[PDB]
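First the structure, then my questions, so here it is.
The complex is shown incomplete by one protein chain, all other protein chains being positioned as in the whole.
In this document, chain identifiers A, B, C, D, E, F and G correspond to the written order of the chains, with residue numbering beginning at 1 in each.
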Amino acid sequence: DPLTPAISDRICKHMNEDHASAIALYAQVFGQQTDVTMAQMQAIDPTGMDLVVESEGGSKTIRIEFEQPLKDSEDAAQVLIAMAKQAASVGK
Amino acid sequence: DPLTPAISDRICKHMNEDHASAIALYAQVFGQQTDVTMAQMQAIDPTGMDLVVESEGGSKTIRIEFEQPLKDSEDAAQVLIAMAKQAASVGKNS
Amino acid sequence: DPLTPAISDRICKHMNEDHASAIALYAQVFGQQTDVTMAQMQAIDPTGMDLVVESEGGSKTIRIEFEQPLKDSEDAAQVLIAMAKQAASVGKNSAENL
Amino acid sequence: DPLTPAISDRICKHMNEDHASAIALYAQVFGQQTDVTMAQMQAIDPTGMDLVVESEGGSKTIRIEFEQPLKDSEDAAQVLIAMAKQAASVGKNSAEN
Amino acid sequence: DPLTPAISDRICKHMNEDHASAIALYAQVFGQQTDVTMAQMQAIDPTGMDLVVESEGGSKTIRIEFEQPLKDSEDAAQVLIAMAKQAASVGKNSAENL
Amino acid sequence: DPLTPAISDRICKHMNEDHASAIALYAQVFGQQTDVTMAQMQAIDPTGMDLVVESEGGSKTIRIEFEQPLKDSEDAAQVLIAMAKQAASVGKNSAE
Amino acid sequence: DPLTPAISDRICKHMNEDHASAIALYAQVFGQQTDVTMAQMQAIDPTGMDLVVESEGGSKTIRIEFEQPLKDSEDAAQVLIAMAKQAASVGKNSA
Partner (left out) sequence: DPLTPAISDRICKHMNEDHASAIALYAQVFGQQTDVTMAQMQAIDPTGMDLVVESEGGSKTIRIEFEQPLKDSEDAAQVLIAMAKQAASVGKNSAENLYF
């Protein structure tokens, strides 16, 4: 159940390097952003994640909270996977 | 996270729990297997991974090798995702 | 040239004599046959093509459908070339009985 | 499809869009040209084909002849596909300054 | 006779005096040289070869790194023989100008 | 050597000079003619051939069509040889 | 029609893909080879033809000559057709 600054940043690097498309979906679907360009996961915490978005407003940073609290990095991956699939359906 | 049986255990249990569909795709496309009732992941290593496509009353021990060897845990996740994408594409054009 | 049953006969003839290896790949990767042996393109259609695969089971006549429909003879070659390349990548991550 | 000037137009069109990479291989291996920018198949004949590699000081108007003469459009492609495989092998064992 | 710098000098002598024509073929085929007046073999290394081409531009030292690495002096002769034969096939398709 | 009107003349002349007997068999078996004295090949098309026969009636211009269409001169020769062999077999197993 | 090395390749093809039994009959009744297992026509020239009976000891490269000279490809066909007839006659004989 370890969610530290280091744990968060490796998780955010994997997402920013292997699943950058999903981060864009998070900002558009969950963060009601339209012109998503270079969406990045800045940090993730047991409660939510912080997304640096580059949209019409500019280079701002938003926060998306997870309904069920996260305990460990695995709970993060499962939630991120589920949110991306659910977000993929709304966008279509 | 470098090559170590313990790190491989967590990875094959994460895939066996979160991406069991991908394991099934591996057995059908790469393993040339037709009757996949329950495809499982027994082990992984830089050369290749070892899959077990069993059945209600059967078992298949198979080995799938990665073209380019894997060094750490994040490269294993990059190869697996890409392999699932390649297998997901084959299922479409058939 | 627009897709025609006569044009298909010409395409299948070229494939069986100049690119017979690809036909074998198509039936392993897209037809999921294990044994390879000889491989023949019996006919091609705007929706898909029919292959006669000699396999572990034996003489089988299977059909492989193209995701995007084919319009002319040129699209046939382009799809055939692309499908063979995709099979070449899968074949490179081959398997073996442990 | 017996060799005719009209057939050549079709073949050169197919090669310049679907197999332009092979045309590049032809010019370097068989044409002995090093600076390859845009390799094109202008025309093909039963004796040979004319490739164009536009470069500094004018387009490389060059002629590569097929050792054994071609009869139909199928015979042309058979020759081409084999010339490109010989070009893929040679290019692998390439040289450099 | 595993590859060594002394062994390379020996090999380059045999090729440079008994198979000097083949050296020209190497430079033309593999080194994409067109005019050849005197082709020479400076040195051979486990993975490659250094050639002096005295033609076309002029003084010109090129290197043909073999796609297959060598193990001994025998691999050099076998590789050199095979490369010359393969180069002979390209020579059969003459390249000219319009 | 794809079938062309110039190629047809070349094939028909060869057939009329080296295999005139076979042309007679075609008219009897495939053209169902009886008393053939001289048989000649006029033209060969991708789909069929024209035969000039002298039978029980007078000079007759008949047409014999090949079940499978012919593409080149080689298919013509192979088809002609097989058709002559089939006619040669009927004469062996035929009576009247 | 004019007998050229290119024409010979065309002629040998016809007699080797079709009427292949004719080539073997030739090197048996005109040629003096007894064990014929793969008779092949390598080349046709004006004076004769280079028959090759690939065998255990060696490809029996053997030459048969045409008493009457050949003029064009047509004379070749006429000469070949007639030679196969004397071969269906000498090959199948009584005792």
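Here is the rule we use: a contact is a pair of C-beta atoms (placed from the backbone, for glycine too) under 8 Å apart; a residue touches a chain by one contact, two chains touch by 3 or more.
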**Request:** Touching the absent chain in the whole complex: find that residue among G:4, G:37, G:61 or G:89.
**Result:** G:61
**Request:** Check the options E:78, E:89 or E:94 and report the residue that touches the missing chain.
**Result:** E:78
**Message:** Touching the absent chain: which residues on subunit G qualify?
**Reply:** 27, 30-32, 50, 57-58, 60-65, 67
**Asked** Where does subunit E touch the missing chain, residue by residue?
**Response** 14, 18, 74, 77-78, 81
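We adopt the following convention: only the chains that are shown with their structure count from here on.
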**Complete:** Rounded to the nearest Å, the gap between Cα centres of subunit D and subunit E is 25
**Message:** Can you compute the centre-to-centre distance for subunit A and subunit G, using the mean CA position of each chain? Integer Å is fine.
**Reply:** 81
**Message:** Using the touch definition from the top, which residues of subunit C touch two or more other chains?
**Reply:** none
